[PDB]
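Use the sequences and the hints to build the structure in full.
Protein chains: 2
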Amino acid sequence: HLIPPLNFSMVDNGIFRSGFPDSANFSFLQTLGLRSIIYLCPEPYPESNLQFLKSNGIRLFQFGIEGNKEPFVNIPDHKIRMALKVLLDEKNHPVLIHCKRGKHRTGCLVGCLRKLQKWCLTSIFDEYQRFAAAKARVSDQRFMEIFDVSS
Amino acid sequence: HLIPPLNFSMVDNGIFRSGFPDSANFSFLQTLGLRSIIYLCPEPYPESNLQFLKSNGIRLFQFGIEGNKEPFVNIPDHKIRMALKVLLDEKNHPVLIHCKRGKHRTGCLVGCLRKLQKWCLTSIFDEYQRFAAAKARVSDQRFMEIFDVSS
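Taken in order, these protein sequences are the chains called S and G.
Add 51 to a position in the first sequence, counting from 1, and you land on the number used in the UniProt record's numbering.
Add 51 to a position in the second sequence, counting from 1, and you land on the number used in the UniProt record's numbering.
Be aware that one or more of the hints could be misleading.
Since copy identity is lost for identical chains, a pair holds within one copy or between any two.
[Said to hold, decoys possible] Derived pair list, reagent style DSS-like, types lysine-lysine, alpha-carbon separation capped at 30 angstroms: (1) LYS105 x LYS186; (2) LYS142 x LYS120; (3) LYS130 x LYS142; (4) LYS186 x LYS151; (5) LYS105 x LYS169; (6) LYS142 x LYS186; (7) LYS186 x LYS136; (8) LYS166 x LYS151; (9) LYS186 x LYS166; (10) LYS136 x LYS105; (11) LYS186 x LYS130; (12) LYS186 x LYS120.
Don't read these hints as lab results, they were simulated from the structure.
Laid out in structure tokens, this is it:
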């Protein structure tokens, strides 16, 4: 039996999202055609995991974004962007986007992606909240209510 | 701006899920370039929704399943085994095993797929609720627990 990592889900065509993967998730993960990983945490990759990371033709992109509770938060627009930069590179797919619980951090990048994809904030924030389950932040959504685009 | 249908989500490559499509979503539906769609409600497709179907060359397979509440649920193994067949024919992808809300019925088959795909009742169940929410039901999941994967 295969075990998708926590809060696992398929973002767009060739993109994946999940809370935070581990050993029990390797088999399943070792099938998505993972060419790279988008890890949104300012902590080192767990050895057991990292072993898999390397010996799999999987590149790691770690845009460390400090994670603080809702009482008082703050999302790194820049870091997310550097991630939204890589994520948008077709050559990088298939990629798995992930942080800790895969709800907030992984929420902005995917949420923003959707924005650039021309979704309505309404249907957008819905997808955002569909995952957050227990805890679901408002600040992270507003951060997106105002995500300006270059192009 | 684009508006995905109710509880839209990309199940896997080619496969999608959601609730009863509303005109306010079509623009988005064209994005998917759907080839086929699996229907689970017995009521006949409306006027608009059907116009789009033809106006967009999308094949519709219907497998009307009754819609009851938690107290007395009951899914037709037959009408599920079949739709699961349609879903398994690459020729059909794109798809959308949608029903009226995209919570139970949709999730049932979308779950049974995961069963075939050699997932895990639990990792399968957590996905199921990620669409039913405060309206999740044991009945359905039980169906899944039972459903045989001996093709």
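We went through each hint and held it up to the structure:
| no. | hint | verdict |
| --- | --- | --- |
| 1 | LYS105 x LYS186 | neither (33 angstroms within a copy, 42 angstroms between copies) |
| 2 | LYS142 x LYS120 | neither (34 angstroms within a copy, 47 angstroms between copies) |
| 3 | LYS130 x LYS142 | within (20 angstroms within a copy, 41 angstroms between copies) |
| 4 | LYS186 x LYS151 | both (13 angstroms within a copy, 27 angstroms between copies) |
| 5 | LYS105 x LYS169 | between (35 angstroms within a copy, 25 angstroms between copies) |
| 6 | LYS142 x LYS186 | neither (34 angstroms within a copy, 40 angstroms between copies) |
| 7 | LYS186 x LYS136 | within (27 angstroms within a copy, 38 angstroms between copies) |
| 8 | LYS166 x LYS151 | both (23 angstroms within a copy, 26 angstroms between copies) |
| 9 | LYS186 x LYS166 | both (22 angstroms within a copy, 28 angstroms between copies) |
| 10 | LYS136 x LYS105 | within (22 angstroms within a copy, 38 angstroms between copies) |
| 11 | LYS186 x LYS130 | within (23 angstroms within a copy, 37 angstroms between copies) |
| 12 | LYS186 x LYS120 | both (9 angstroms within a copy, 28 angstroms between copies) |
Checked against the numbered hints given earlier, this structure breaks hints 1, 2, 6; the rest are met.
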